[PDB]
Amino acid sequence: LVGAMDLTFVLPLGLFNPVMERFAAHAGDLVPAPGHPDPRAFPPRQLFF
Amino acid sequence: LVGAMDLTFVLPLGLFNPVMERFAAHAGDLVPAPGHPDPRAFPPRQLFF
Amino acid sequence: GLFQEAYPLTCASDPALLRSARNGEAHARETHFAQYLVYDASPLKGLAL
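Protein chains in written order, with the authors' numbering: chain H, 394 to 442; chain C, 394 to 442; chain A, 1326 to 1374.
Do not take every clue at face value.
[To be verified] Cβ-Cβ distance ranges computed for the label pairs, FRET-style:
| # | chain 1 | residue 1 | chain 2 | residue 2 | range |
| --- | --- | --- | --- | --- | --- |
| 1 | H | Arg433 | C | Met398 | 46 to 56 Å |
| 2 | C | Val395 | H | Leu440 | 43 to 53 Å |
| 3 | H | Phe441 | A | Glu1350 | 31 to 41 Å |
| 4 | H | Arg433 | C | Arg415 | 24 to 34 Å |
| 5 | A | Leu1369 | H | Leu400 | 39 to 49 Å |
| 6 | A | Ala1351 | C | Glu414 | 18 to 28 Å |
| 7 | C | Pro411 | H | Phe441 | 41 to 51 Å |
| 8 | C | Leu394 | A | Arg1344 | 11 to 21 Å |
| 9 | C | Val395 | A | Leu1334 | 17 to 27 Å |
| 10 | H | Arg433 | A | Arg1344 | 17 to 27 Å |
| 11 | C | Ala420 | A | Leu1327 | 38 to 48 Å |
[Stated by the list, open to error] Here's a subset of chain C near chain A, in silico, CB distances under 8 Å, partners left out:
| # | residue |
| --- | --- |
| 12 | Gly396 |
| 13 | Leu400 |
| 14 | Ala420 |
| 15 | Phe442 |
[To be verified] A few chain C positions that, by computed beta-carbon distances, are all more than 12 Å from chain H:
| # | residue |
| --- | --- |
| 16 | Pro405 |
| 17 | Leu408 |
| 18 | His419 |
Read the hints as simulated data drawn from the structure, not as lab findings. Ideal Cβ placement from N, Cα and C applies to all residues, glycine included.
Bound conformation, chain H alone:
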């Protein structure tokens, strides 16, 4: 009666956002120290679980 499930998962690594959907709400929030460029604006190469 103690059973066993299976589940398979789908995760995207290196996608890019659709052109009409990219922004930063409630204006620019995740801002580094001045004089340092945004690491956010580069195309992503990572994930976190």
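Chains C and A: place on chain H using the hints.
Relative to the frame of chain H, chains C and A by itself:
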């Protein structure tokens, strides 16, 4: 006894807001990366269901 | 067949502007820039669907 409703639906595609009704709220929120024009300021040609 | 009306749906023209609807009717953004939103008046309003 299990019946069926019908409903007909109206959805607009190419409307533009009037002279007065267009604005932004709590000022400029949805702003793209600096050095890029707004995708929001173009006239809309889409919908999303 | 009686009223000769056709009910609107929950719909917007940009998806980022759309996502204030699923929070509820109160926190929905009616209009941000030349885009717009339409929240429904259908009798299926408060349903699970």
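Handout entry: Satisfaction of the hinted span 17 to 27 Å by the C-beta atoms belonging to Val395 (chain C) and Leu1334 (chain A)
Key = 24 Å, holds
Problem - Status of the hint placing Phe442 (chain C) at chain A (closest C-beta pair under 8 Å) - result: 6 Å, holds
Handout entry: C-beta pair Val395 (chain C), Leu440 (chain H): status relative to the range 43 to 53 Å that was hinted
Key = 46 Å, holds
Handout entry: Given as non-interface: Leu408 (chain C), which should sit over 12 Å from chain H by C-beta
Key = Consistent with the label, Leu408 (chain C) stays out of reach of chain H, its closest Cβ about 17 Å off (over 12 Å).
Problem - Outcome for the supplied range 31 to 41 Å, where the beta carbon pair is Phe441 (chain H) and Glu1350 (chain A) - result: 34 Å, holds
Handout entry: Pairwise beta carbon distance, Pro411 (chain C) to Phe441 (chain H), judged against the given window 41 to 51 Å
Key = 45 Å, holds
Handout entry: Closest C-beta approach of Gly396 (chain C) to chain A relative to 8 Å, hint status
Key = 15 Å, violated
Exercise for the section: Using the beta carbons of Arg433 (chain H) and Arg1344 (chain A), state whether their distance is inside 17 to 27 Å or not. Expected result: 20 Å, holds
Problem - Whether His419 (chain C) stays farther than 12 Å from all C-beta atoms of chain H, as the label says - result: 8 Å, violated
Problem - Hint validity - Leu400 (chain C) Cβ closer than 8 Å to any chain A Cβ - result: 6 Å, holds
Exercise for the section: Just tell me: holds or violated, for the beta carbon distance of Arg433 (chain H) and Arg415 (chain C) against 24 to 34 Å? Expected result: 29 Å Cβ-Cβ, so the 24 to 34 Å window holds.
Practice task
Answer holds if the nearest beta-carbon of chain A is closer than 8 Å to that of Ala420 (chain C); otherwise answer violated.
Solution key: Result: violated, 11 Å to nearest chain A Cβ.
This entry does not satisfy hints 5, 8, 12, 14 and 18, going by the numbered hints stated previously.
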